[PDB]
Structure formats: C-alpha cells, structure tokens
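Trainee: Based on the provided sequences and hints, a complete structural model is requested.
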Amino acid sequence: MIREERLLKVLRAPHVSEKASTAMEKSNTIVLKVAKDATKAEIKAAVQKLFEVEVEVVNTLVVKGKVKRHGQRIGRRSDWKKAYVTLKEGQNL
Amino acid sequence: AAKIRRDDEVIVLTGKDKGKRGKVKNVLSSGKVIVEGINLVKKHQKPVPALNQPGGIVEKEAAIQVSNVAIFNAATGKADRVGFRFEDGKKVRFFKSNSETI
Amino acid sequence: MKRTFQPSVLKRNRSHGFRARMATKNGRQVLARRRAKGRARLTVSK
Amino acid sequence: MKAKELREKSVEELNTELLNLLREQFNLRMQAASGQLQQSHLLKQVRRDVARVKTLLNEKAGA
Amino acid sequence: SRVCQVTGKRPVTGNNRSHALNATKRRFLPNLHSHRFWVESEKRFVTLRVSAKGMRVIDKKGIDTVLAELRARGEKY
Amino acid sequence: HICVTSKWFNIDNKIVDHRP
RNA sequence: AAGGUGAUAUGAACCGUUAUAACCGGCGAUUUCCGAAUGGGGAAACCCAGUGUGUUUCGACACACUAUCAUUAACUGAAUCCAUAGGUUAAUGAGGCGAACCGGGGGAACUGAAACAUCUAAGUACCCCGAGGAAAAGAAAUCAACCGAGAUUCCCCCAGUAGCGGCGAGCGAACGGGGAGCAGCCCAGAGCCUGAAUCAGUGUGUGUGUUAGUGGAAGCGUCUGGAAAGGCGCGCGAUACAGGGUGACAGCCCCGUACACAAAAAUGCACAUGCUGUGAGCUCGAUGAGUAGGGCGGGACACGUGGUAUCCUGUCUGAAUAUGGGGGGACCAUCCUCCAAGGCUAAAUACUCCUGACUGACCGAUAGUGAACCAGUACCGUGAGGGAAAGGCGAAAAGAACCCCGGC
RNA sequence: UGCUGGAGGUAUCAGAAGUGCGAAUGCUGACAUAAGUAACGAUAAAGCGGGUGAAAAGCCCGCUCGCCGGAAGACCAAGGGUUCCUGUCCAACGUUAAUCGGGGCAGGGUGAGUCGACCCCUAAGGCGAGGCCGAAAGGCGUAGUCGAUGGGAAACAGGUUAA
RNA sequence: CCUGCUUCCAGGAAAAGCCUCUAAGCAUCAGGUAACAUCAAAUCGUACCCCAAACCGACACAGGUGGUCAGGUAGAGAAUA
Ligand SMILES: N[C@@H](Cc1c[nH]c2ccccc12)C(=O)O
Ligand SMILES: N[C@@H](Cc1c[nH]c2ccccc12)C(=O)O
Ligand SMILES: [Mg+2]
Ligand SMILES: [Mg+2]
Ligand SMILES: [Mg+2]
Ligand SMILES: [Mg+2]
Ligand SMILES: [Mg+2]
Ligand SMILES: [Mg+2]
Ligand SMILES: [Mg+2]
Ligand SMILES: [Mg+2]
Ligand SMILES: [Mg+2]
Ligand SMILES: [Mg+2]
Ligand SMILES: [Mg+2]
Ligand SMILES: [Mg+2]
Ligand SMILES: [Mg+2]
Ligand SMILES: [Mg+2]
Ligand SMILES: [Mg+2]
Ligand SMILES: [Mg+2]
Ligand SMILES: [Mg+2]
Ligand SMILES: [Mg+2]
Ligand SMILES: [Mg+2]
Ligand SMILES: [Mg+2]
Ligand SMILES: [Mg+2]
Ligand SMILES: [Mg+2]
Ligand SMILES: [Mg+2]
Ligand SMILES: [Mg+2]
Ligand SMILES: [Mg+2]
Ligand SMILES: [Mg+2]
Ligand SMILES: [Mg+2]
Ligand SMILES: [Mg+2]
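Taken in order, these protein sequences are the chains called T, U, 2, Y, X and 7.
Position 93 (the first sequence) corresponds to 93 in the deposited numbering; numbering is contiguous.
Position 63 (the second sequence) corresponds to 63 in the deposited numbering; numbering is contiguous.
Position 2 (the third sequence) corresponds to 2 in the deposited numbering; numbering is contiguous.
Position 6 (the fourth sequence) corresponds to 6 in the deposited numbering; numbering is contiguous.
Position 6 (the fifth sequence) corresponds to 6 in the deposited numbering; numbering is contiguous.
Position 9 (the sixth sequence) corresponds to 13 in the deposited numbering; numbering is contiguous.
Hints listed in this document are in silico derivations from the structure and should not be mistaken for laboratory results.
Certain hints may be false.
[To be verified] Have a look at the derived ranges for each label pair, beta carbon to beta carbon: (1) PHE94 (chain U) <-> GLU59 (chain Y): 43 to 53 Å; (2) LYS2 (chain Y) <-> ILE74 (chain T): 37 to 47 Å; (3) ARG85 (chain U) <-> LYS60 (chain Y): 35 to 45 Å; (4) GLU59 (chain Y) <-> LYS9 (chain T): 22 to 32 Å; (5) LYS46 (chain U) <-> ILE6 (chain 7): 28 to 38 Å; (6) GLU18 (chain T) <-> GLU17 (chain Y): 46 to 56 Å; (7) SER78 (chain T) <-> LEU18 (chain Y): 35 to 45 Å; (8) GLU17 (chain Y) <-> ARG34 (chain 2): 52 to 62 Å; (9) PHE94 (chain U) <-> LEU18 (chain Y): 52 to 62 Å; (10) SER10 (chain Y) <-> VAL67 (chain T): 40 to 50 Å; (11) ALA41 (chain T) <-> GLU17 (chain Y): 17 to 27 Å; (12) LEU37 (chain Y) <-> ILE74 (chain T): 24 to 34 Å; (13) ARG10 (chain X) <-> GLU59 (chain Y): 31 to 41 Å; (14) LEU10 (chain 2) <-> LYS9 (chain T): 37 to 47 Å.
Where is the CB? At the ideal position from N, CA and C, for every residue including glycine.
Mentor: And the structure:
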C-alpha cells in the first residue's frame with residue numbers, strides 16, 4: 001500500500017478526556033494519544049483500516065511533559081502526540 | 001538445595017514459641033518463613049475509605065528465621081537437621097541420624 | 001541598571017555548546033575532564 | 001512455546017506474527033487503555049510472544 | 001615544515017650564552033632551499049626542499065638513489 | 005534548609021583617611 | 001530449582017513445584033537517536049539528500065549504501081604526443097577513548113645561593129607525539145693494565161669517596177667486588193640443493209587454568225531473660241575452632257570452612273599437527289663515506305672549557321679500508337685492546353583503569369574517598385571550573401484499630 | 001557505687017602512637033546578645049452592605065470613592081518553561097491574616113497548505129577536500145560549505161472553549 | 001500613494017526566487033503555454049508572563065529590557081491637565 005500493516009501500531013490510546021474531547025465529539029471528530037513519530041497521513045490510514053471509519057482530515061499537536069515533585073532532584077514526564085481526527089459523515093466510532 | 005521448604009513440618013528452635021510445631025505456610029525471599037499458627041502478632045489494621053473500609057485489630061502470622069526452625073522427624077519426634085543426596089536420579093533430603101530420606 | 005548576564009541561547013550554544021566544545025583539541029580535553037569527573041551535564045545544551 | 005515452532009515455516013510464522021499484533025496486541029492496548037482489560041498479564045506475553053516469533057524467522061532465514 | 005627531505009634535518013633547540021654565560025633558548029635551523037633537480041631517468045624536474053649537504057649527498061650518492069629513499073620511506077615528492 | 009548563600013562584600017565602604 | 005514477575009514499593013494481574021517458573025554461567029539474537037560519526041549540514045541527541053531496492057491499494061514514505069586519508073589494483077587521463085599530474089571505481093588498513101608504567105619532540109618559574117646574573121630548583125612541572133604488555137636497552141670499534149674479564153637490564157657495595165663548583169650554594173662518578181636473570185641471531189648475495197630450520201597469522205587435537213556448579217562432620221539438658229549462642233552439667237565432630245548470620249557471646253541452628261569432586265559451551269596458557277605466508281642447508285664470497293676526524297656554535301657525559309679525553313650535531317668540511325682503523329681522559333712513543341659509520345633479540349626491571357582471593361598495633365560519620373545516603377548530586381559560575389550538607393525506631397512493623405478536644 | 005543506658009569491656013606486664021586545647025580576627029555545627037527594638041519595599045486611598053468560612057481590613061458580589069490612560073491599557077520578540085484553566089488544600093512559601101495566590105496535590109489545556117521555524121538565498125563572519133606554512137599541537141586559505149539582524153508563494157470578516 | 005518627486009554629498013548590501021536568452025542536448029517524443037478537473041503541501045512552534053510578582057537584578061526588589069497600536073476636551077504637541 002503506502003504504510004506497512006505492521007506499522008499501523010501508531011494508534012496508542014483514545015484520549016476520551018475532558019469535555020474538550022467529548023464536546024468535540026458532539027460536532028464531528030475523535031482524539032487520541034498517537035505514536036510520536038506518526039505522520040498525520042500515516043495515522044489517517046490506521047483509522048481507516050482499523051476502526052473502519054472514514055476521516056476527512058487529521059490535525060496533530062505535541063503535548064509536553066509536566067516536570068514535578070521531588071526534593072533536591074526532579075522528575076519529568078514523557079512528551080506525546082494528540083489526534084483530533086474529524087470523521088466524514090456516517091459517523092459511528 | 002534449601003534444607004527447608006514450602007509444605008513441610010517443623011519444630012521451632014528459639015524464642016517465644018520455643019517448643020511449638022507447625023507446617024510452613026510459606027517461605028520468604030529473605031530466608032525467613034511463616035509457619036502457620038506459630039509466630040503471632042496483633043496488627044492494628046487501619047480502615048480504608050473506598051471499600052474494605054472498617055479496619056480493626058487482627059491476629060496474624062509474623063515471619064521468623066529459618067535458622068530457628070528445624071525439620072521434624074515424626075519417627076523420633078525431634079528436630080533432626082537435613083542432609084543431601086541419593087545418586088538415585090534426583091537429590092532429596094535425608095534426616096541426619098538415620099539416613100531416613102524424605 | 002543593565003547587569004552582566006544578558007541571556008541568549010544562540011550565543012550560549014555557539015560559545016559553550018557541545019559542537020563548539022568539540023571543534024578544538026582543548027575543547028575536547030574540556031569534555032574529557034568532565035567525563036572523567038563523571039559530570040552529569042557535559043555542556044548544558046538542549 | 002519455542003521449539004513448538006522451531007519448525008513452523010518462515011512464511012507461516014509471519015502469520016501468527018501479524019496475529020499477535022493484528023489482533024492481540026492492538027486490541028489489547030485499545031481495550032486496556034479504555035479501562036477494559038482486567039487481566040493485564042496478557043500485555044506482558046503477546047509482546048514476549050512476538051519476541052519469540054521474531055527470534056526464529058530471524059534465526060531460520062539468513063542467520 | 002623546515003625539514004630537509006634528504007637528511008631529515010630539522011630545527012634543534014640549544015642555548016645562547018652571553019659573555020656572562022646567560023642562557024637564552026634559541027634554535028638552530030637547517031640551511032634549507034628548495035631546488036629544481038633534473039632526473040633524466042624520468043625526463044622531468046623535481047623540486048625537493050633540500051639542505052646544503054642534502055645537495056652534497058645528492059651530488060655523491062646521486063639523485064636516483066636518494067629518490068629510491070623518500071619513495072622507499074613514503075615522502076610525497 | 006536551602007538557606008545557604010553568603011556573598012559578604014569587602015568591608016562595606018564609605019569614608020576614612022584618618023590624617024596623614 | 002520450589003518457589004518466582006529488579007529497587008524505592010505495597011497492590012493488580014500472573015507464572016511455577018520433577019523440569020521450557022525464576023535464578024546462575026557459556027555461546028548466540030535484537031541492539032532507536034547523538035557521539036571518532038563517516039551521505040551533506042548542524043545551535044550534540046536534529047534538518048536535508050543521491051542511488052539502489054520495497055508494495056494482488058507498486059504514488060510518497062521506509063530501508064541499505066555514498067566522509068576523509070593511506071596502500072594496492074583496475075579503468076580513465078591535461079597543458080604536451082609520448083609521459084606525467086588530474087579524475088572514477090575497488091580491495092585492505094587507519095581515525096576515537098582509556099588509570100599508571102615506557103620511549104621520544106619541546107620545556108618553565110617560584111625557590112636555594114641568607115641579595116643577585118654564573119650556578120640551583122631541573123631536564124622537574126607542564127604541552128606534544130608514539131607504543132607495548134611491559135617499554136627501553138643489548139651481542140664490545142666495552143673495560144682492564146701486561147694479570148685478566150667478556151651483550152643488555154635490575155639490586156647491594158665501591159662512596160658522599162675521586163672529581164666538578166661565583167672551588168659558593170650545591171652537584172657527584174667510575175675501576176673493582178657480591179647478587180637477580182642469563183642467549184644469542186640475521187642483512188649488506190650468488191651458486192647448488194630448494195622449500196628442509198624458524199617466526200607470525202591461523203584451523204584441529206590434547207592437556208591445563210578460567211567463566212555456572214556438587215557433596216561436605218558432629219547438641220542436649222537446665223538457669224536468668226522479651227529473646228540464649230551466655231552460666232552450670234554431660235555428650236559428640238575435627239585434614240572442618242577461616243568467617244558471616246541467627247531475639248545477648250554458637251565447632252555440633254543456618255551459610256560455610258577442611259577435604260573430595262564437576263564443564264554442555266567459550267576461552268587464557270602450553271605443547272602436537274593441518275592450511276597460509278616465511279625462509280633452512282652446503283660451497284665460494286662480501287664486511288655498513290658525505291661516515292670517522294677537523295673548524296665554528298650549542299647540547300650531553302658527576303665534569304660549569306678548564307690542561308679536558310669521550311659522546312650528539314645546527315654549520316662549513318672530510319679520510320684510511322687489515323700492511324687498515326677505534327680506544328686506553330690533553331698529547332706523543334711503545335704496548336695492550338677492540339672493529340664504528342645496517343638491524344633483530346627472551347629473562348631479571350616498571351605500572352594498576354580493572355578481575356579474584358586473602359591481610360592490617362589503618363579510619364569509624366567534623367574521622368575515612370569530595371561522596372557509608374540516588375554525589376560530582378543540590379548549589380555557585382557566561383565558561384573553564386568550583387562544590388556541599390545529610391548514616392542508626394525495633395529482635396520483629398507488631399509503624400499505634402477504636403474513643404476524646406480541635407477547623408472532616 | 002546510685003540513677004540513666006541497653007552491648008560490649010578488658011587487669012597485669014610489655015609494645016606502638018592521628019596521645020591530651022582557651023586563646024591562632026583558627027575550622028564546622030549549635031545557641032546567645034542587642035529585642036520582641038528597627039523594619040514590613042514608593043504618601044494612587046479608601047468606606048459600607050451582602051456572601052462564604054473555625055476566623056474576613058486583605059477573598060467573592062454589589063454601591064460609592066480614588067489612581068494610570070504615549071499607560072499603570074493592548075499585541076509580541078528576546079528570556080523564562082506549565083507560571084495558563086478547573087477542582088482541591090493552607091503546614092512551609094506570601095515581610096500580617098488569609099477562605100486568596102505566580103504556593104502544595106490532581107486533572108485539563110497549545111489543532112495551521114496560507115502565521116513562524118524547517119526550507120531556497122546570501123552579509124559580517126565561521127568551517128574548509130586538495131593546497132601553502134609550521135619542532136609537535138597547529139596556522140592561513142582555494143573549490144566549496146555554513147551563517148539573519150536582510151531577499152524569497154499564498155486567508156480574510158465573523159463565531160465558538162473554563163482554558 | 002512614496003523603493004515616488006525635488007535637492008545635496010558623505011555617493012548610499014549580497015544572492016536567490018521571478019523574467020528572458022540560448023549551449024551541450026531533445027525534435028512524432030519529452031518538455032513549453034492555457035482552460036477545466038482533481039490530488040499534494042509533510043515536520044516542528046502555537047498555553048501563559050513579556051517595561052514585569054513569570055525576563056537580567058540572590059528577594060512578589062522604587063532599577064535595567066527591543067518592536068507594535070494610540071480615542072475625547074483644551075493644546076503647537078507622542079508636552080501638560
Ligand atoms: N568605611 C570602610 C573604609 C573604606 C574606605 N574606602 C573604602 C573602599 C572600599 C571598601 C572600604 C573602604 C571600612 O569600614 O573599612
Ligand atoms: N578621607 C576623607 C575622604 C574619603 C572618604 N572615603 C575615602 C576613601 C579613600 C580615600 C579618601 C576617602 C574623609 O574621610 O573625609
Ligand atoms: Mg501543530
Ligand atoms: Mg551525519
Ligand atoms: Mg559530518
Ligand atoms: Mg635568592
Ligand atoms: Mg690476552
Ligand atoms: Mg553446597
Ligand atoms: Mg556443615
Ligand atoms: Mg664492521
Ligand atoms: Mg632494539
Ligand atoms: Mg564525609
Ligand atoms: Mg555520633
Ligand atoms: Mg574548644
Ligand atoms: Mg594558651
Ligand atoms: Mg534598642
Ligand atoms: Mg523607639
Ligand atoms: Mg516602625
Ligand atoms: Mg509549578
Ligand atoms: Mg492560575
Ligand atoms: Mg503566614
Ligand atoms: Mg499553581
Ligand atoms: Mg547559503
Ligand atoms: Mg588538510
Ligand atoms: Mg580558514
Ligand atoms: Mg530572519
Ligand atoms: Mg497565545
Ligand atoms: Mg509584589
Ligand atoms: Mg520587580
Ligand atoms: Mg504624560
């Protein structure tokens with residue numbers, strides 16, 4: 001095809017979180033933590049194949065890890081990517 | 001190679017429960033062991049708000065040194081110490097003082 | 001009044017960064033000493 | 001689960017290969033993350049299974 | 001570098017000494033020159049950076065020998 | 005505490021020349 | 001092997017019990033990105049390519065390869081026809097890091113002289129280059145003194161002597177003797193005989209060490225106590241009374257210890273051979289020239305130019321060649337003794353980033369490593385760089401259910 | 001020897017030294033003193049009512065009052081790096097209290113063919129195959145290759161999120 | 001508008017994108033121009049402070065910090081009230 005079926009392990013988790021997620025459900029589109037190296041087109045494919053839905057276009061943004069806690073030293077979390085996916089019309093999941 | 005093991009009957013050797021006997025409920029990474037009914041303590045367990053919330057005093061088993069329990073003979077009714085080897089196919093444990101094997 | 005540290009990352013990296021450090025026999029000895037000292041930040045970079 | 005497929009055919013294996021991912025692994029992540037998956041240890045194996053899968057096939061072909 | 005391609009002569013450090021014997025570091029460096037040499041055995045000129053003596057050797061041993069050396073040793077030339 | 009930075013000047017400064 | 005899924009760290013969900021749980025060792029596999037970084041770039045962990053591959057959804061993305069230098073070959077190929085330089089490809093090797101010991105290129109000043117130039121500190125500190133398991137040195141153009149010795153290296157003497165020295169401060173040998181370890185060989189070449197000694201690289205074998213392991217003796221009674229290993233009594237093992245642990249001090253509770261054993265695999269070391277590369281052997285030859293020496297300038301020799309031998313050479317010179325030449329501390333004779341101007345060479349010697357085991361009239365938390373602790377950390381500094389504090393509940397968490405004041 | 005303490009200590013005669021502290025404007029830590037004294041960081045200024053609360057001069061809401069308005073309003077770059085928003089808590093941080101916060105804990109939040117970087121292009125300048133030079137380290141520089149503070153295609157009015 | 005216009009001396013970046021020109025080269029081809037249709041535009045930044053309590057000043061420090069916008073009354077005014 002263009003992207004091997006193997007590499008459609010880019011979808012990592014739904015981000016069903018906040019009205020941001022759900023209130024932007026009730027007006028098209030779904031959002032997801034997705035890989036890190038994922039290429040919009042590369043992640044559209046995943047959502048076509050798996051999930052078997054339609055997809056108009058996909059937007060991406062990177063979330064930066066909050067650094068916190070600790071006394072002297074310090075701990076930081078990992079960065080990760082957001083989805084915001086926007087399905088064509090016969091919208092299901 | 002452990003001279004004492006999981007299901008296994010022993011007589012306490014030192015302290016508190018000097019003379020008592022019991023089965024090894026389970027043995028620990030530390031080389032300490034829990035012998036059922038044997039070395040008891042009274043944990044004041046705290047309540048936890050989200051379910052299993054009541055909490056209360058609880059009598060419970062407290063790990064103790066394997067150095068301080070001996071395997072029990074039954075044939076003689078005393079502590080016996082262990083030893084190794086047949087040359088059978090396996091190894092197995094025999095009571096010292098009568099190669100009695102078990 | 002204007003004080004001595006006027007931060008600027010471009011200058012920072014260009015003057016003290018890994019590659020700059022790497023571009024000179026002595027700059028390299030700089031790292032070598034810091035490695036031998038077991039330093040956690042060889043050169044304060046991104 | 002090792003020699004069980006030491007002899008399982010280079011082409012054939014790439015099947016379970018996908019079947020570990022194609023099914024178990026992807027479904028498991030999704031299902032898990034979504035708060036379903038009550039038996040977490042399934043994530044440990046599958047991943048470890050794919051490792052086996054790829055250990056052969058790599059050692060069968062070419063190496 | 002100021003190295004004689006024939007003898008390997010290079011600058012060497014020694015001292016100055018005044019009439020009061022004050023030592024001041026200094027260098028003796030060789031009498032280099034660079035010289036177009038005809039080989040004939042290659043129908044060509046070759047410029048070697050050469051010391052006098054380097055020349056006097058070439059005079060005696062004769063060019064081609066000297067050129068066996070250098071090439072034997074790897075000198076560019 | 006964290007509490008540990010002392011950059012004590014130079015004397016302090018003003019005046020004095022105390023006739024020579 | 002009967003228990004396991006590293007630690008803070010419970011919990012969840014699991015896995016295993018007579019052999020595919022875990023754990024230990026041998027050999028494999030995978031091994032993102034940056035970093036010598038090597039496809040180009042770059043503000044390290046990022047941007048962008050050329051060419052090859054890759055798609056019953058053969059686009060764009062993914063992967064592989066493409067740095068430079070050296071050697072060798074091949075093909076190409078100017079001014080210039082020949083020929084070179086230049087250019088493409090290819091095969092090999094290099095590159096970077098690393099504690100000391102080692103050889104080499106450079107090389108201070110404080111300081112000492114009760115000041116300071118000579119002299120000292122000192123060929124030290126430091127910079128640099130290079131290499132090995134050791135390095136270097138080494139098979140007399142050496143000493144001796146008319147008797148003799150017989151490579152190099154290290155140790156003790158000789159001796160703080162002889163000497164050097166603003167004869168100040170200081171520096172400081174050798175001869176000869178006692179020891180450690182000892183080893184000797186090639187090239188400067190052609191003929192015959194030819195791959196014959198040997199060395200390295202390598203495959204195999206064997207033995208021996210290594211990287212997991214196995215077995216391993218014998219204690220009970222009672223007293224005090226929260227707890228016995230302690231006291232007292234009576235037994236027992238000892239080729240095992242090294243040591244650690246266990247509720248207080250244990251040969252006989254545990255782990256060991258002495259002792260006896262063990263390797264599927266990979267390896268260090270020896271031999272034994274196979275393969276590659278290499279030369280052995282006899283006859284007859286050959287015997288290290290811009291060198292020795294000298295002049296000038298420095299430097300090395302304990303030796304500061306001194307009556308100064310000897311060694312090295314920046315500079316200008318320049319022999320003899322066995323009936324010859326070097327040295328014997330100016331120099332000459334005689335005598336004696338050695339053979340420079342090509343190389344190789346093991347041991348006695350040096351060192352410890354690191355592995356294992358063992359030891360101490362060494363420290364015990366302001367000590368000892370800066371660091372007994374998640375320390376080169378927190379912190380300070382643009383940076384180089386500097387650089388802390390901080391160990392102990394109990395035998396066992398049995399780490400205080402529940403009630404009361406208080407602002408859940 | 002009493003008390004405390006709760007596990008080590010060692011006569012004797014020999015032996016060996018990190019062997020004795022009040023001073024060094026010594027070193028480290030702890031604790032005094034002045035003293036409940038100065039001070040609480042612009043003289044733009046507050047008053048009251050009602051909420052909440054264990055507690056309100058300081059928070060919330062309201063009505064007045066006052067202050068900036070070429071700023072003391074508004075958008076950024078540089079620099080910071082979660083300080084943004086929402087719940088929750090008030091020990092420590094806040095020069096007072098604190099129900100409040102840029103403070104603790106948890107959760108959320110950054111959506112681009114068109115803005116910007118990457119990218120093409122170069123200035124200063126940097127690096128620099130070969131190369132010239134240099135005891136070593138290295139120096140300079142050609143071909144190039146990098147480097148914006150400058151050049152280079154393209155979206156506007158309105159709405160909506162607690163953010 | 002204006003990178004204009006007038007004037008003066010101190011005489012006022014570079015390169016690419018863009019336009020055009022052809023060489024080797026291709027000549028039915030390929031390319032070039034236009035209309036319509038369609039497909040592609042990845043990646044990274046985007047919160048918040050920014051004359052300040054969030055940056056440089058050890059501090060919630062009377063200091064320092066470049067660019068942008070600029071209403072009414074009086075006023076020459078970005079002064080001042
Ligand atoms: N007043 C100062 C003396 C002084 C005078 N000039 C100075 C300059 C710098 C520092 C101190 C001083 C003191 O207390 O000692
Ligand atoms: N000596 C003068 C002036 C003075 C003040 N401070 C000083 C510091 C250095 C020298 C001089 C001064 C005085 O005390 O009145
Ligand atoms: Mg984005
Ligand atoms: Mg690269
Ligand atoms: Mg590169
Ligand atoms: Mg002096
Ligand atoms: Mg004789
Ligand atoms: Mg054993
Ligand atoms: Mg035993
Ligand atoms: Mg000779
Ligand atoms: Mg040698
Ligand atoms: Mg310490
Ligand atoms: Mg103490
Ligand atoms: Mg004292
Ligand atoms: Mg005193
Ligand atoms: Mg007072
Ligand atoms: Mg007063
Ligand atoms: Mg006051
Ligand atoms: Mg914060
Ligand atoms: Mg906020
Ligand atoms: Mg307070
Ligand atoms: Mg906050
Ligand atoms: Mg450019
Ligand atoms: Mg070069
Ligand atoms: Mg240059
Ligand atoms: Mg710019
Ligand atoms: Mg914004
Ligand atoms: Mg404030
Ligand atoms: Mg301020
Ligand atoms: Mg004004």
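Trainee: Confirm or reject each hint.
Mentor: Status of the hints after comparison with the structure:
| no. | hint | in the structure |
| --- | --- | --- |
| 1 | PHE94 (chain U) <-> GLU59 (chain Y): 43 to 53 Å | holds (45 Å) |
| 2 | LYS2 (chain Y) <-> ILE74 (chain T): 37 to 47 Å | holds (43 Å) |
| 3 | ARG85 (chain U) <-> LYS60 (chain Y): 35 to 45 Å | holds (42 Å) |
| 4 | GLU59 (chain Y) <-> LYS9 (chain T): 22 to 32 Å | holds (23 Å) |
| 5 | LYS46 (chain U) <-> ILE6 (chain 7): 28 to 38 Å | holds (34 Å) |
| 6 | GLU18 (chain T) <-> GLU17 (chain Y): 46 to 56 Å | violated (37 Å) |
| 7 | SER78 (chain T) <-> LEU18 (chain Y): 35 to 45 Å | violated (28 Å) |
| 8 | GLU17 (chain Y) <-> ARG34 (chain 2): 52 to 62 Å | violated (46 Å) |
| 9 | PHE94 (chain U) <-> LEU18 (chain Y): 52 to 62 Å | holds (55 Å) |
| 10 | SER10 (chain Y) <-> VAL67 (chain T): 40 to 50 Å | holds (47 Å) |
| 11 | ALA41 (chain T) <-> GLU17 (chain Y): 17 to 27 Å | holds (25 Å) |
| 12 | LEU37 (chain Y) <-> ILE74 (chain T): 24 to 34 Å | holds (32 Å) |
| 13 | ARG10 (chain X) <-> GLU59 (chain Y): 31 to 41 Å | violated (59 Å) |
| 14 | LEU10 (chain 2) <-> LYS9 (chain T): 37 to 47 Å | holds (39 Å) |
Against the hints set out earlier in the document, violations occur for numbers 6, 7, 8, 13.
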